[PDB]
Amino acid sequence: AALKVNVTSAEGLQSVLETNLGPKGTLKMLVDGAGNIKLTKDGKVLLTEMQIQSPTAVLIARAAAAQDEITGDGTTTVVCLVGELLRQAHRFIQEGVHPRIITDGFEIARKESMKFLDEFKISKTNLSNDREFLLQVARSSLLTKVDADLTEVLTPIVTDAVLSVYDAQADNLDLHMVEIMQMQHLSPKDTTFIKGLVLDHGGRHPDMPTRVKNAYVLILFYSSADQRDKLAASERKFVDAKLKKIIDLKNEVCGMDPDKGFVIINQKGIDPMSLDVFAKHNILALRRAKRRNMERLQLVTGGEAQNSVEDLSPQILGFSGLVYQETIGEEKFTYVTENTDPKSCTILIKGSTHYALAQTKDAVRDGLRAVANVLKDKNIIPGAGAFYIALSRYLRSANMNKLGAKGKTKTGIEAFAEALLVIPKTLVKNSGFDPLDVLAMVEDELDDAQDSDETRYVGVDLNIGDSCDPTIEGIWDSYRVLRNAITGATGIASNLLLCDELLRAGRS
Amino acid sequence: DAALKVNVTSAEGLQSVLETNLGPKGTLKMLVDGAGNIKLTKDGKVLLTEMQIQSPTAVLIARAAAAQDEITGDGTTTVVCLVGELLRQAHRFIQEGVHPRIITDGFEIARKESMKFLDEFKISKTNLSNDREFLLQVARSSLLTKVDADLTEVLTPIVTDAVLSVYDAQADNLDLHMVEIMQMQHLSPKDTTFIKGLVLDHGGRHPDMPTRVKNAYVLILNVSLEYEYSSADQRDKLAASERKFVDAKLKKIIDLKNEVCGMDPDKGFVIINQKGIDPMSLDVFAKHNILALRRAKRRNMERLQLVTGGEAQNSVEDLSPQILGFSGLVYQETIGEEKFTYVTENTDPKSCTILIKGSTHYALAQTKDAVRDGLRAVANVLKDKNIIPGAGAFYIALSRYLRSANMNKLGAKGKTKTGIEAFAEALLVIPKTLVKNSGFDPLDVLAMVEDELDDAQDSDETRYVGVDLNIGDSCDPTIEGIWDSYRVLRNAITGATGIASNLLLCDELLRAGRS
Amino acid sequence: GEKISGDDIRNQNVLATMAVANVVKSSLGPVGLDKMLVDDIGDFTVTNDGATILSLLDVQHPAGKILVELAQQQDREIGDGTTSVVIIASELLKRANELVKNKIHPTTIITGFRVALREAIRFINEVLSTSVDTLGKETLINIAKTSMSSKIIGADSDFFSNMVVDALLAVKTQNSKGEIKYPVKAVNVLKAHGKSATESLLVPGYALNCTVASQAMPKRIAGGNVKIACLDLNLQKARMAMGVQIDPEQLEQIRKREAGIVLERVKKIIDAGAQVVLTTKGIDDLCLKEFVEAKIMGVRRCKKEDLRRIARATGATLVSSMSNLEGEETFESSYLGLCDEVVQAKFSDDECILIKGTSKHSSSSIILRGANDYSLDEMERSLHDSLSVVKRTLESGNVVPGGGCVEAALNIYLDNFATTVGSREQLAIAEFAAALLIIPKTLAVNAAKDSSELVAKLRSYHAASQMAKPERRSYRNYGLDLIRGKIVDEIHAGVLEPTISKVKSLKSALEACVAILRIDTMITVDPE
Amino acid sequence: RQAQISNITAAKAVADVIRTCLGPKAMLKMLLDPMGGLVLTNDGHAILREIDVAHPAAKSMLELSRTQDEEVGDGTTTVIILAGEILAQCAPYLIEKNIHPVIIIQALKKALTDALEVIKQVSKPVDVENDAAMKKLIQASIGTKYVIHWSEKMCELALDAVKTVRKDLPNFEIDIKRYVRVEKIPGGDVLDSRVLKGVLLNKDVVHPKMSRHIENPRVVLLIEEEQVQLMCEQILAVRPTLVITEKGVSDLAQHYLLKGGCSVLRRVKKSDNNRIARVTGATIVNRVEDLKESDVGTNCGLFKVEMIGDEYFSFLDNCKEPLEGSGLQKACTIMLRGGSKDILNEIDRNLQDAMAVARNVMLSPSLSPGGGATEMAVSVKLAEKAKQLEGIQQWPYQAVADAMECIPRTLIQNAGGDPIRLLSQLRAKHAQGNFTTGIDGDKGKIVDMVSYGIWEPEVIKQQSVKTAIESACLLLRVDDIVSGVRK
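Chains as they are written, first to last, in PDB author numbering: chain Z, 17 to 236, 252 to 539; chain z, 16 to 243, 253 to 539; chain a, 17 to 262, 266 to 490, 494 to 550; chain g, 18 to 186, 194 to 246, 275 to 376, 430 to 592.
Keep in mind the hints are simulated off the structure, nothing from the lab.
Just so you know, even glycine gets a beta-carbon here, dropped at the ideal spot from N, CA and C.
Treat each hint with caution, since some may be false.
Each computed DSS-like pair below joins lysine-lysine, with the alpha-carbon atoms no more than 27 Å apart [to be verified]:
no., chain 1, residue 1, chain 2, residue 2
1, Z, 441, z, 211
2, g, 137, g, 76
3, Z, 363, Z, 281
4, g, 548, z, 441
5, a, 287, a, 365
6, z, 273, z, 321
7, z, 407, g, 446
8, z, 20, g, 446
9, z, 211, z, 381
10, a, 51, g, 592
11, Z, 40, z, 439
Far from chain g by the CB rule (all over 10 Å, computed), these chain z residues [stated by the list, open to error]:
no., residue
12, 85
13, 116
14, 190
What follows is a list of derived Cβ distance ranges for each label pair [as the list claims (entries may be wrong)]:
no., chain 1, residue 1, chain 2, residue 2, range
15, g, 29, Z, 428, 49 to 59 Å
16, Z, 475, g, 523, 16 to 26 Å
17, z, 124, Z, 110, 20 to 30 Å
18, Z, 127, z, 74, 44 to 54 Å
19, a, 209, g, 55, 48 to 58 Å
Chain Z with its partners taken away, still in its complex shape:
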């Protein structure tokens, strides 16, 4: 009785993310009550703070959690599959088919999708660290988020960033390079990559060194009114004991000639007198400097992160090749370059406004994670919806190959094949062309490729609305992209199909 309630109501959920798919797609404005403007095609932001009507959207929003740690881009396929699945219930299930009959056909098709998944993928060699292949993958990856202006700028940035993280075992961890600077400066296209480490603070005094080569980094009841001044005099000696020990300990290597660079970094506030006593020795100090960013200094100059001022050893002070400082706004940045063997890089993003950084911040976080799966797994799958169209034709004609229960499974087989065809039609609809004529040309290219006794992968060009080659165009997806998506595509489908009845009740 109430089975048709959740089918009809949740059907209108596809139009939410429908137009957010594809590099030629459009954008949607989302503004919360706190004043945060997020304009992006990303599904994690659009499915989080946005208010939902049908309760079925809870499992849809939670389904993207597994895609955030794996893909994070193109997550609209989760919603597009559910919308087409519910429209199939008004056709196949409306005929009286039990909801589990069509469910079993999708579970069988899941194993068949994995068998055809290894044949469609193309293996690459990641041991040689070929940049030509990385420039093409990052290119098309940024086209689905930002325009070609930010794509050409960020393509060598992401390519050169993942090359600094590597080993003989090809170990690449996203937890290694994490910190990314977010600031409004110049224009978004002016983003510059640094092969070394970037500091967010700099010299606050005119006598501080502007440009140096080597830098030593030091990481950090009274009865009368006259008796009350004794406590104020003793509390000043507490911070004085920290500053007086620095003057003597920095004399270790050379304290007489202040011709090199000197660095002192502290987490909390420091006595402003330090600027006066350090001006004679040309020692640099910082005001309100962070902490976690100090752990990266051990991977360049071989230093050691220190907490207090009591323990100071020459092992903490390292040798840097070149140190540059740039003054931007009210916060100067200290750039560490010419490193012997840098183990990490810092991403410095420059932009104009807040919404301009919202598009870049979503692109860099999703860009670095997508390239991570490329180096981890050498298998790379051609993109541009080439697999969704091919798999639909492989399962369309089966008969004696894969059949199962006669007439019960075949009904669900045709539903899974026609459901995957909505994604390429969505790509054409967002571009403004006719999906009927474009799909008819794509089907002819696959038929001409199979009849020519040659293995070929044909893509979809959204600019001219014709077929193309994902290899020549450069569109590529990682193997783990469709591995967790298709596996999750069956789970998101079985949620509503195996759902029986929802009752209105509760504790007021």
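The hints should help you fit chains z, a and g onto chain Z, whose structure is shown.
Only chains z, a and g this time, still in chain Z's reference frame:
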């Protein structure tokens, strides 16, 4: 085009109305108004009359049944069923970006190709030999779609013998030749008896009226028989003169009746008036053995000419022996407050009278609606000798030719093919509804039909495969005897195409007017 | 009731009259445009004429009805150019509020305006134009091009200039004890859909729009001495008595005897000899068949007002019933008139009988064809108003240059007149002279031009004319061009307006502003 | 700008209502009337008259379509949008240039003269009597309706009508089409439709004994027992075979008139009596005693019986007129048996418009490219004169070129093609190859109108555009609107 889906979604709920009333195994739906009329029937014309509708698009659905009532009158449920499947396919293929008129143009091509294969699927039969086996099988399928099996076995020889009375060498069938149906409350509805003669609906209102007669002389009247100072002597003369107008006509009846033979008043004589009767005339009618009536109808008088050659007279000026008829035997039955006269033993009656007895109004309303809808459907079968195998065999067989076309009928690529696959699968909802009304699985039955048609087509043999809803298996419409007239199916497909173009070509809904 | 005293009444009256005045100011001059009024009853009329608009517009404060009656008085005097007339008195109320705030007595404001207009009569006589004056080829064509202004029909001036002039030449009659004048309002204007104004037809006489009832009747009558008979007698089955009422054959004989006499009444018309007969009320085919055998052209469904002008122009006696000194019903031959030429012509998928050469009363009709009804709504009232200007032109040859020439000239005369009177009335003359200059300033507002640039140059040319009495001409000049924004003599542009129209405009505008200045308070009694 | 917004937004929503009424791809729109019913049709002439809008300024344009139908009689297929299309491109004028509409009046007059010259450049003569081009010309105007199936049969009725009931007085084809009657019978097929010389009636016979058939008809258009009997004797004095009266028929008159062997009808409207009097030659009789020998029937061949399964109808067979010319008044009718009320109402609108279009065909034998080629052909020269003008008036003048390009654009959006590359190719092809290039009615291709077989008369192009431009100045000449006048 934001308002395009408004009329599509609102009109989708119109399918479930008659969905359960389709097929021989279909069920009944009760519709009762506030005036005290209880109508239980599968006919859509009555159900769509007093029922309040929400979406205005249901008005065009009722207008589509106007042409179906004249041509068919029974089995009109398939008109809205083909629209319901179209509405489910409406938002499907239109969402793909195909213009609605492109799908409409595809139906025009499919309709022309359907008429080409329509002549090959039908089986020509000869109505001159008057085959009883063919009539009993066709009438059986029509009765099961209206009433139950109890009235089906009773009305099967009734409808068969009724259409055999109206026929000629020129195939002249007059629907107005046999019309009048006798509505009576007697015994049970299953006791309905067929009569080849003529039945009168009125009988003697006085105890002295003739109880049993042989040769009856009918005198038909129309104009109202009932008629409406210096001293009180004038008041007595005016009231006495009121009866002189009626008594003047009574003296003529006495002499003109005894004219031919006045010796033995052992035969029948009947005077029939439209308005009330003067009680003064009953005294003359009693001693002269004259049967009289009170508040008698008119149109029933025209049936005396088609059998015994009678004449319905209006005024009292013209009296001729042509007005007075004859009868072989007369059996008068007294039911309720109005006696009933039966005219039997006719020489060569050209029209049969349907005598329907029952319990109450709603019991008679089921049979009265079934006879009028069942007789006009069989009457059209004898008009055209071309007969189409029924039981939904054509809807499934035609789809097989439409699904595979390619170089035969193609046209545009994807523009026409969308309408071809739509109309091919739009005709498959009828056999799915027939099985759903029976309580079985429509897909498991259809899967066995498709497997049977594949075995018959590959074997290179001509065969018609139907669907038996009683046992839930496949059958042959020729063996079971389910058939359909040519004009019924031809105007149903053509009529469904015209009504489909109305909803598909509506671009937007507009509200304009004075509140 | 509700009674308020003080300046609150005069303030609410001026603001109410000024609000409704600014609505009709957009129609001033040739660049003006029509406006639409929503009556909420389903009827609407788009026109620039203030006589109809002020009559349709609901007057809120009772003081606004004074300006409404002012437009009704212009119809009885001139009736044309209402856009340039009724807006003159509206500006006197705006500057009057500043004088009320002063110590000047309201009658002193009135007295200052009385001596201003009384002396302004001689001011008009200085710039006054004689009958000949400029070239004046037919002297009508020069004025006909002026009547095209103030309206949207100016684009058709290549035609209407010849239409109105050539039609009104035959209207001259002898009436009012040997006085030669044109009987205005006797001209019938017809409208036809399709084509343009170039298809209009000029009828030197009366033209009635109607056809024959039966198609078998002859539609063509040619030759001279054509007699016409207007019969308003209703031919129908007679009703019964006062209610006393009364063999159905003798009862049916009542209709047989009546219809028999009706056929005899038509036979009396046959012996008259009239070619055209008219019938007001409709008839059946029995009496229509008799008109076919009568060899006389009949017409049914006739309007009574149309036949009243027929008996006046032709001279025939209108017969509502057939009777004589005796008890015999007949038609005498002395009730028929004569005409020079009568012929029926086919125009715009229709036909109309042209009655020309009327001896009793001479007149003319103008049959015009146009786009449609809504397009001819403005062209209808405009042509009916232009008939008065042509009348006043040949009745009195005095005309004045239009386009702000009079208002700009009167300022110079009042500048020397203000210092002449002096005392407290000198300020009233200055405010009265500045109020007359507002009308030509609002003329360029509708044209989206600079009026003060033209007024400063135009007044300087009128000043050089008055400052030099002896004058060849190195100074004198006048006229204002709206299209080119230059000063050129109106003799070349052809814009001249009759003097009698402008004199009566300012004469009636005097008492219009005084009626508001004489109101001390306003009280309203609640209705029952 | 206070009163100008109300005038612009009044006709702005009207364009979207009738946008689906143009071209062979024209669609329908469901409208809910205040009467409580529904009106679904693709013809705006009935919609614009029955539509209720809040702004009365739009009501003035609702009568413009009726005026074009009375004066011309065409434009409901295409030009119906052009009446409200001119105001679409006039919106970026007052809000941008802030100039009085007077400048547009001079701009439209110069554009109207140039538009008439372009139509005359592509104008070509064609024989009106030759049925070669006239067959496809009639189907061109009516090919936008449901008649496409029967358009082969529907063209036969329209082609034979203009050559029969029209004739002439000599001036053209001029005649009146209102006296020509078209009988609409629902149900069945149009295969039984014939050209009949006599009147059909839907009213049954009052008496059961009267037999229905006639050889040589006599038509009479019209205590108590003996009085009516004597009245019947006066009616039967000429021995009529048919009696028709507008009032009811009493039961007494059924028996008395039965002795004369005549047919009696009742409830006949005066509109039918006027046609029967002309066709049968009889004279309408008011007073019963006026019946004479002059009312005898004339030129009626045979009488038959056409009966629906419900009741009886009057049917008169075909005949002819012995000659052994006077085209001002003709007596004839076309019997039409329609399949359904949806297509039946469209054929009556098509047949009356086809005779109205074919009228203008024979009024101006010249012919011009149709199907949307002329509107794009004018826009080539209309935009060319704009660049040659080079003045202040160029802005309102060049804006008219957009109105000419949007007329075929409406057909593009209805067909579903891409107007970008299509219209860009038309403007380049017309300015180079020829003006005959146009949009296909189905595929929307560059195929020329010469080989495609669609054409439109010159008078249809000149008068409709000239009227639409002059009618568009209505709201342009309205500077203000006042609400709450309360006449």
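Going through the hints against the structure:
no., hint, in the structure
1, Z/441 with z/211, "violated, 58 Å"
2, g/137 with g/76, "violated, 34 Å"
3, Z/363 with Z/281, "holds, 24 Å"
4, g/548 with z/441, "holds, 16 Å"
5, a/287 with a/365, "violated, 30 Å"
6, z/273 with z/321, "holds, 21 Å"
7, z/407 with g/446, "holds, 25 Å"
8, z/20 with g/446, "holds, 25 Å"
9, z/211 with z/381, "holds, 16 Å"
10, a/51 with g/592, "holds, 16 Å"
11, Z/40 with z/439, "holds, 26 Å"
12, 85, "violated, 6 Å"
13, 116, "violated, 6 Å"
14, 190, "violated, 6 Å"
15, g/29 with Z/428: 49 to 59 Å, "holds, 53 Å"
16, Z/475 with g/523: 16 to 26 Å, "holds, 21 Å"
17, z/124 with Z/110: 20 to 30 Å, "holds, 28 Å"
18, Z/127 with z/74: 44 to 54 Å, "holds, 53 Å"
19, a/209 with g/55: 48 to 58 Å, "violated, 33 Å"
Checked against the numbered hints above, the structure violates hints 1, 2, 5, 12, 13, 14 and 19; every other hint is satisfied.
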